[PDB]
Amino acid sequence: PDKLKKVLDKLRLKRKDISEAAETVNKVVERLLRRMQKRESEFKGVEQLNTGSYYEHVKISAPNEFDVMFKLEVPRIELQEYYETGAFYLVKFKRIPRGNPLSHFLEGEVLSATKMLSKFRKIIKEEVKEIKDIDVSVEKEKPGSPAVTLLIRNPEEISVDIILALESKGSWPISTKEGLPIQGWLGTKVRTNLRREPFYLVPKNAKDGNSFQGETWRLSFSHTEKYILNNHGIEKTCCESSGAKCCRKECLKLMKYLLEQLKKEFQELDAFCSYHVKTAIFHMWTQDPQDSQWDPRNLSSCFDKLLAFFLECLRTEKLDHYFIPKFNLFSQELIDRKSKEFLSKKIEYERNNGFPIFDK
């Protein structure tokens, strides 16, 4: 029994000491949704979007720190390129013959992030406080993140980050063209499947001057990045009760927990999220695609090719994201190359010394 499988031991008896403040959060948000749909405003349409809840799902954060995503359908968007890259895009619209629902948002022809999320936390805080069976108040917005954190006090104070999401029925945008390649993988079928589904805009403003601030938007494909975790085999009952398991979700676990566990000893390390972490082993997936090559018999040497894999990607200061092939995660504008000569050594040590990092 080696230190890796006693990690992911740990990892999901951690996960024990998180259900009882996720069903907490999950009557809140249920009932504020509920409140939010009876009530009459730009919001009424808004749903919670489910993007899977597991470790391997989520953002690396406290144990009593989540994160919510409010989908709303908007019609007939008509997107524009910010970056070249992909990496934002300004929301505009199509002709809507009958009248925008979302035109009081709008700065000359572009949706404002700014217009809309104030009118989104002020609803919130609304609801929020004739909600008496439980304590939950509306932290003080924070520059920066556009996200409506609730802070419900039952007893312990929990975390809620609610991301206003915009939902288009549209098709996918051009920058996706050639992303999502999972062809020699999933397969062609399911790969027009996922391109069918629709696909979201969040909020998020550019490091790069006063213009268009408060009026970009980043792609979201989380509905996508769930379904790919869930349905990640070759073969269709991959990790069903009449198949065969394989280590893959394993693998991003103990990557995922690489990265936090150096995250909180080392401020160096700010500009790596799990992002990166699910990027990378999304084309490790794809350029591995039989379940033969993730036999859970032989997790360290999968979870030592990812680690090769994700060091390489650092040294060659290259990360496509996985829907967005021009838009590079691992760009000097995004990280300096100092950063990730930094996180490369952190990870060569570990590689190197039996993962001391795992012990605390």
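The term rigid core refers to the maximal set of C-alpha atoms that superpose within 1.5 Å between the two forms. Positions refer to the first chain, counted from 1. What changes on going to the form deposited in another entry:
For the set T176, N154, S222, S168, a Cα shift of at least 2 angstroms between these two forms, after rigid core superposition, holds for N154 and for no other residue.
For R297, the Cα coordinates differ by under 2 angstroms between these two forms after the core has been superposed. With the core held fixed, the Cα of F66 is displaced between these two forms by 2 Å or more. Annotation for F43: C-alpha shift under 2 angstroms between these two forms, rigid core superposed.
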Given for the second form:
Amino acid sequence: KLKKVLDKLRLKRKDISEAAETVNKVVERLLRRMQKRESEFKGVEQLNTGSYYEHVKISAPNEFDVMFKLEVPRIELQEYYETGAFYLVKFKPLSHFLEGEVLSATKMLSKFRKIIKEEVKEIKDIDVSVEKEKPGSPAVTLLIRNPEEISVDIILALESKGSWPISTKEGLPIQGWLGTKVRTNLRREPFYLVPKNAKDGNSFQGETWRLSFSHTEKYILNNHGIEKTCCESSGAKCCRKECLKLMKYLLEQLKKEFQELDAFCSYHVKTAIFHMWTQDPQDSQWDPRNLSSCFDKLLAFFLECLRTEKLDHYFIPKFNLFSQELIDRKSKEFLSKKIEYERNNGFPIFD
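Can you give me the structure for the form deposited in another entry, which would complement the form deposited in one PDB entry we have just seen?
Left out here are the partners and the other molecules; the chain alone remains.
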């Protein structure tokens, strides 16, 4: 039954090919423009992130996330209040994005958006436009007709090679699952900041940046087993990724018909299952034969997070994604009832 649903959610190679060919052409062209002399962004490198590249995109290859990352050496961080996630950036070029001593996310991003705008109107062979700007959002979204509709979020990110901000010190609790060498290695990789503004201190503090761990999350998806051979050709398949797909599908459907579930996103589901993977590390607990019950354990845990109004950011424990701020209580109760109904009625929404 859930196996029936997964077959339906499974992407088609023909769709993958047509979408990727077009996506790749457009991004390569944008990345190249960014390298032109006397651009502030002359060092950016591409990093493919998110659902599609983690092989957990469902239904159709119609949304792509791409990070353009800029190495900005010698940066001082000041935590914005007590969030753990949001920061103000100072320096120890790009000398016109300033606001006193503060590197403005808004200025750096607006200029980033402007250059993408000009390049896109130069594109004649492909139907592509730039989506209306979303306040506080860090992405410049391309809208593509191939003729099928595809979205590409291009995300400017500052790369810093120093050790991670202390708010992350108790995060990434993978010691009993992926282990201590993996955790230590992952934390010597750089950290990233994206120009997503903090909505606190009404409304958006235009200078604020947000921590991003898209790279770390990507590695974990591709190295998710307690055993090194999990999902390899000389190893055993697990159902970790397929549980994630089923939970994303559920939310995605619920969001489709209830506007009151805006402000929930797939990241909430992704965060909830990373916690689950930590709680249940053994690969044997994620055997394909036990798919139904793993999904049920995920659901019960997600409800428990919903009911207690707490979902700890996997990398930043201080940061509650389900605080009273960010998401209203009633919105959580609403989602609790919908889930509880679909759970007790064999998931009719799956059709």
